[PDB]
Amino acid sequence: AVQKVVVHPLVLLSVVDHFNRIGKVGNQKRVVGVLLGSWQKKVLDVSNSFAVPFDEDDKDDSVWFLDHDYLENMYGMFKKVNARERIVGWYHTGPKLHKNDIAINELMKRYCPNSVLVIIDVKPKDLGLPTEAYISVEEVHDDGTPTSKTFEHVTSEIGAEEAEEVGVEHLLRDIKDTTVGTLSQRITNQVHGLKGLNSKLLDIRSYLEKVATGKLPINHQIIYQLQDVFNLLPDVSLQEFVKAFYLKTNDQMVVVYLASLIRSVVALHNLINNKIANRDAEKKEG
Amino acid sequence: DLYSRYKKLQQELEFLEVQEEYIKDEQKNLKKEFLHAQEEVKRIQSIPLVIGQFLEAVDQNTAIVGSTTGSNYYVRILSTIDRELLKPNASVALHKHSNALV
Amino acid sequence: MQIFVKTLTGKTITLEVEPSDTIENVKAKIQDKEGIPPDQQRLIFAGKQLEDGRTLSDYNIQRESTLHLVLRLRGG
Amino acid sequence: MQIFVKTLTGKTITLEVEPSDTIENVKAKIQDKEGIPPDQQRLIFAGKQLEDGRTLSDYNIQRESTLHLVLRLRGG
Amino acid sequence: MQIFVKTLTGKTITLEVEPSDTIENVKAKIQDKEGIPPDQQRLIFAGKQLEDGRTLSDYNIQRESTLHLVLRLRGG
Amino acid sequence: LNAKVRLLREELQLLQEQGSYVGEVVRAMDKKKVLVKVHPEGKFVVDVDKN
Amino acid sequence: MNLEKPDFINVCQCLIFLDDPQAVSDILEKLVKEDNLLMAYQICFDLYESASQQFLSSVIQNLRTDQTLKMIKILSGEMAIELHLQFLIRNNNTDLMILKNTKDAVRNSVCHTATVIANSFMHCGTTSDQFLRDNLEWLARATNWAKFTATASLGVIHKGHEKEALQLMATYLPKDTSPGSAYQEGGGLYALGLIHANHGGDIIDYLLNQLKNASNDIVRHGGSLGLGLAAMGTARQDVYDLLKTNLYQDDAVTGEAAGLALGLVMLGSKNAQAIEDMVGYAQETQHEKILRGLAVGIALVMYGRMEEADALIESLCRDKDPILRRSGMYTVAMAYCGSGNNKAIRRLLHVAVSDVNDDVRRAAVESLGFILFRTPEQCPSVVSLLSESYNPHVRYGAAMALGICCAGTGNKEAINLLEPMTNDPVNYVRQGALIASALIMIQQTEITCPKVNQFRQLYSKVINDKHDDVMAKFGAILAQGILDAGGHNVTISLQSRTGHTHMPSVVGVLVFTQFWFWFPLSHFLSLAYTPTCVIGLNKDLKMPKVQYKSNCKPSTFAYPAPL
Amino acid sequence: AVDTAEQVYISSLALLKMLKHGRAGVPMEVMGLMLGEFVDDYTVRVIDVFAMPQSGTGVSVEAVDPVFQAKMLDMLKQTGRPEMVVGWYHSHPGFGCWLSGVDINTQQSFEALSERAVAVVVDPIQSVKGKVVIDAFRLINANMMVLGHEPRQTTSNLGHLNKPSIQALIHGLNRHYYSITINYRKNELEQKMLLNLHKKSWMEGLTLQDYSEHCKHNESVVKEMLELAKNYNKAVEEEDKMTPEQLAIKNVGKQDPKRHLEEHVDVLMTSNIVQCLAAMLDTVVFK
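Line by line, the protein sequences are chains A, B, C, D, E, F, G and H. Just remember that full-length UniProt numbering sits 4 ahead of the position in the first sequence, which is counted from 1. Just remember that full-length UniProt numbering sits 38 ahead of the position in the second sequence, which is counted from 1. Just remember that full-length UniProt numbering sits 76 ahead of the position in the third sequence, which is counted from 1. Just remember that full-length UniProt numbering sits 76 ahead of the position in the fourth sequence, which is counted from 1. Just remember that full-length UniProt numbering sits 76 ahead of the position in the fifth sequence, which is counted from 1. Just remember that full-length UniProt numbering sits 51 ahead of the position in the sixth sequence, which is counted from 1. According to full-length UniProt numbering, the residues represented by the seventh sequence are 206 to 270, 320 to 817, in order. Just remember that full-length UniProt numbering sits 23 ahead of the position in the eighth sequence, which is counted from 1.
Hints may be right or wrong, so weigh each one.
Unchecked claim - Part of the chain C face toward chain A, derived, beta carbon under 8 Å:
#1 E127
#2 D128
#3 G129
#4 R130
Think of the hints as simulated: they come from the structure by calculation, not from any bench. From the three backbone atoms N, C-alpha and C, an ideal C-beta is built for every residue, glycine too.
Construct the entire structure; sequences and hints are all you get.
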């Protein structure tokens with residue numbers, strides 16, 4: 005099992021390189037490759053990757069063709085250069101999971117029992133993080149329906165190390181932002197947050213509306229119980245909570261009345277000195 | 039007569055307005071540059087550096103210090119340290135690479 | 077669909093092709109009648125750099141267009 | 077309402093649209109008019125970059141308003 | 077007997093030899109044609125590093141054989 | 052404001068510099084040469100600059 | 206016209222501001238009918254010296270479709335060329351001592367070529383070769399691309415010496431003397447280009463043939479600059495085809511040559527096809543040189559079109575590739591030339607203060623000059639504060655914007671600002687300030703402005719020092735040649751005699767400032783020197799002797815520097 | 024023909040690779056190959072880098088066996104990167120960046136085999152905080168220097184920044200080799216996978232931490248500002264009829280108003296305004 009994955013920039017950049025270059029061999033929608041990495045304790049650190057030739061068909065999910073021998077050879081050479089990394093998993097691009105993917109997983113799970121799948125979305129989007137990480141497990145599924153194999157999400161984060169961040173910071177020198185910000189960076193964040201929240205809430209419709217149309221079957225087992233919980237969890241303004249009004253005012257009597265004042269007295273002092281000096285320097289020449 | 043004065047007044051008014059907007063913008067960017075520069079200067083001693091011991095002060099922002107590895111050196115000093123703490127001897131910090139006093 | 081290829085030598089050569097073809101096929105036809113190895117062929121269209129992996133329709137190429145062939149001289 | 081858009085080469089294009097139209101719908105309309113892929117286009121009003129997640133009513137793009145369009149001259 | 081020597085830069089170099097020739101003679105030919113000291117050349121055929129004590133009649137080489145050359149790169 | 056930031060930038064530029072040794076002179080020499088004795092060890096013949 | 210008499214003022218100004226060639230041709234014919242020939246001659250000379258090209262074409266065509323010869327010849331310019339050359343060839347009196355000194359002081363670096371440029375400036379239009387003739391074992395020290403510059407320089411000595419042109423150039427036997435160089439052939443066509451500027455005449459149909467056959471490396475570079483120079487502004491389609499085909503060949507050294515020349519012929523035509531084809535080839539290419547060509551070649555396609563260009567601007571200004579953004583700034587410069595429009599200033603200042611890439615900051619702030627020169631008293635008030643920003647590029651741009659705004663007149667405040675900057679620590683900004691001062695003080699004597707004998711000495715300090723940076727003395731040795739142009743008899747201005755913006759001068763001085771990126775472009779300054787004289791005449795064929803009389807002069811002004 | 028002031032374009036990815044590998048084997052030197060294209064008569068573009076088996080030591084390196092190199096090109100070629108090699112690079116652990124006398128003997132073989140192949144040198148432990156010490160060189164032949172001919176050709180973009188270091192100038196600079204200008208052409212797409220990426224958040228934009236952790240902060244800052252203010256009062260009561268030049272005369276430190284009084288105000292204002300605004304948003308976005 006794993007509680008989180010940590011991804012280094014180098015893999016992200018190499019994936020972009022792969023996706024740009026592949027046009028040299030034959031048009032394809034997506035690309036596939038191995039991830040190398042290491043285990044500390046229930047946290048997984050990824051640090052390198054390499055291409056592997058792959059081909060697909062756009063309709064039939066029974067047809068595809070990975071390649072064993074290229075994989076084994078290249079891993080041999082990489083191991084001959086360095087020995088501390090080992091096979092850890094694989095990645096593909098494309099924005100949405102393909103039905104086919106489990107069938108690939110049960111292949112290369114043979115090279116590492118805990119094969120984890122990372123999706124990297126190469127083309128941009130506004131709302132947030134670029135990558136997702138998934139792990140494969142069977143389930144009880146129900147009171148009683150066939151057990152199967154599907155993925156579940158695992159939380160994901162982007163990492164860094166010494167002498168990889170220095171190159172990044174050099175590349176990014178031309179475009180920079182305030183480290184902390186003074187009401188010009190905190191205020192923007194709130195707007196960004198509201199964008200994300202509204203995105204999620206709108207995405208709920210596209211499912212729940214079409215299930216109400218009956219276009220697809222009800223996943224009664226899970227979704228509705230969670231969305232009963234949700235509608236339960238908001239709060240309310242109930243005469244007792246509003247009695248914790250007595251906190252807004254105690255912010256203001258530290259802001260307004262004891263920080264503005266000593267910001268005006270300084271300005272008067274500077275003005276007095278300025279007028280004194282300027283008039284003195286006038287009459288001195290007269 | 040008065041027509042020319044009227045027109046020229048209009049023109050110079052609007053043109054000094056343009057200059058005013060320019061100056062506001064340049065103020066806004068120079069502030070950011072100054073902030074960034076202080077940010078760079080802050081990380082010049084947050085380093086695993088070495089201990090020397092103060093030996094002599096020649097003039098402003100310059101001194102002579104003998105490091106604990108022998109090899110007596112002669113180096114600038116940082117612009118933010120207080121001066122009246124380093125007369126006879128002291129435990130001073132020396133940059134690992136440049137031997138700049140911090 | 078005929079297409080005209082121009083070399084740096086001043087020669088113009090006309091190849092009949094169909095819009096379904098792909099750049100490597102054209103380079104193979106060149107290797108046919110030019111005899112220059114396909115790896116030693118580089119093709120520019122209107123300043124763009126063509127890829128061996130794609131179809132003609134990806135570059136909107138129409139009838140009788142001119143393509144420029146350039147050699148690689150790193151072997152000096 | 078009828079509105080006009082101008083482009084690099086100066087061609088002026090006429091679109092008839094309704095206030096609730098979203099920016100992706102406008103993109104679809106203009107690609108229907110001229111076949112440009114909807115990603116190869118960006119549109120500008122006043123000084124600010126229009127973004128897709130909103131209706132024309134949100135920016136209150138008035139009747140007969142003029143828009144600027146920016147594009148690569150060809151998709152490649 | 078004509079043979080082809082490739083290199084990592086894409087340079088290709090034909091050469092004429094006879095199967096009685098010993099390998100160091102080949103490295104001498106490379107030296108005189110290119111201008112490279114015999115120490116610095118290392119030779120590969122079919123994935124085996126060749127050795128001076130042997131003729132090209134050994135290693136059963138045939139004409140039009142593709143050898144590879146690699147440099148003795150060092151630093152310090 | 053511009054003067055202030057320019058000054059700070061110049062100071063940071065200067066701090067990126069290499070150190071120097073200190074040496075005892077035992078005697079001068081002719082045609083711009085001195086004989087010095089660097090602290091750890093050594094007995095060198097060094098050249099003077101233009102100033 | 207209802208007033209008692211016909212006149213110049215209305216027909217000079219209004220008919221070319223309105224662009225009504227039919228009306229001027231009609232009133233000209235009417236003035237011929239009643240046999241008032243002196244008016245009909247003065248109007249022709251007045252017109253040619255300030256009417257645009259192609260305007261003359263429509264006028265002459267409508268006219269001709320006897321007095322015909324003596325009016326057509328004065329209308330196309332031939333005797334104006336003759337007379338101007340005849341003035342310069344007689345009033346020449348340059349002082350060779352300065353060349354002898356700088357020649358003796360030079361060390362064998364780049365400064366060598368910097369000499370043979372400036373020399374050609376001072377002997378411009380003078381047809382005298384002496385400095386390149388009395389010594390030759392020194393000039394033969396040049397090799398490689400330098401041979402291209404030096405041999406091109408003859409083209410600026412013989413400027414306007416059109417009549418014999420071709421026989422002269424082959425007289426150097428550049429091709430026969432040895433096939434062992436292509437750089438000479440490359441220079442020859444450039445020289446023919448410089449001699450026949452604007453007057454494409456016959457030579458277009460010769461260059462257009464000679465460009466057909468090429469050792470494509472260098473010969474095509476010379477050829478395309480020459481042909482793009484001879485035919486500028488005519489929009490001739492048969493030329494444009496051949497330059498497009500050379501551009502599409504996609505070769506670095508032949509890149510910006512055609513990139514310019516394809517821009518010169520279309521100048522101001524607003525041609526909606528050329529812009530889309532050129533911008534489409536600037537995107538999705540991968541050689542910087544071609545972009546550094548098209549950076550200029552685009553902007554010249556729009557000229558004075560003002561608001562009718564805006565649409566392209568705020569397209570081109572959005573592009574990510576920085577050379578395109580710079581070319582956007584050049585376009586907003588040319589669009590509004592001379593016209594003090596406010597919002598263009600607002601844009602240029604915002605860009606200069608904000609953008610992340612230095613070269614667009616230079617090319618932004620530098621272009622302020624081209625839209626303010628109608629009121630040179632105003633430029634110092636804005637650029638002054640720029641001159642102290644922390645990053646050098648903005649300082650260089652400021653200095654050059656002063657040099658280009660006040661160019662013709664020794665406005666005191668400009669010198670007052672440039673004085674401290676001539677000692678800036680960063681070498682290339684000294685290189686800037688020297689040339690700016692030299693432009694702004696051409697033909698000024700001590701009584702007319704005080705500072706001259708400071709500067710006239712300062713150069714000879716720098717050029718004789720040896721503890722300095724090469725580029726600084728490059729700028730100095732150029733300033734010497736700028737200050738004594740054409741035997742003291744020529745001056746630089748953008749305004750015409752009567753308020754029109756003289757297009758060849760704007761083009762020449764714009765494309766001069768690219769000397770930063772490619773040295774042989776510096777000769778393009780020669781288009782800006784206008785002669786400064788009064789010609790006494792009583793009949794077109796007849797210069798009768800007269801003496802004018804200049805009152806209120808102690809006679810200590812005028813011709814300077816005999817000493 | 025002769026060279027001029029040209030250039031080297033290196034991709035961002037290859038830079039990360041060089042830094043990472045150089046820092047890995049830190050007590051010893053490391054070296055590798057680099058792959059790219061001579062796109063025109065005077066720029067050179069390097070796209071990718073890979074290491075090779077090597078017998079490192081604290082002052083030198085040698086490559087072990089050739090078969091590895093010959094193979095890996097043939098592997099890469101069938102997944103879409105056919106470019107041949109353009110040059111090589113190595114690292115100097117603690118010294119300056121310059122060429123040793125053995126590097127010349129290595130380099131001459133590449134130059135004899137291909138006309139333009141640059142050589143690259145990296146320093147992994149001076150590149151510590153916010154700069155990179157990386158450089159590229161080529162040889163100058165001996166006999167040409169004796170003849171009047173100089174190394175190159177001139178156009179005005181030679182002289183920016185490219186002041187040589189004295190440390191490098193002690194060795195064969197100019198005399199034996201010359202530096203080449205370097206710049207990083209970060210094209211589109213890979214721009215965004217860095218700028219909009221290494222730092223980000225979503226729900227973090229709406230978090231409160233309203234317990235004591237806030238009130239205690241306020242009651243530290245105001246408490247110390249009490250003494251700052253008393254100090255400033257005393258420090259201005261002097262009111263002596265002297266001249267502010269004399270004030271500058273004795274001015275050394277702790278200039279109360281500017282030095283300290285104001286930053287406390289700015290900090291307190293920032294914190295409290297942001298907190299109150301966030302509470303006011305959450306009071307409406309959720310029920």
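Verification of the hints:
Contact between C/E127 and chain A, as hinted, is supported at the beta carbon level, the nearest pair being about 5 Å apart and thus within 8 Å. Checking C/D128 against chain A: minimum C-beta separation of about 7 Å stays under 8 Å; hint holds. For C/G129, the interface hint holds, since its Cβ comes within 8 Å of a Cβ in chain A; the closest pair sits about 5 Å apart. Restraint check, C/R130 versus chain A: the minimum CB separation of about 6 Å is within 8 Å; hint holds.
No hint from the list above goes unmet by this structure.
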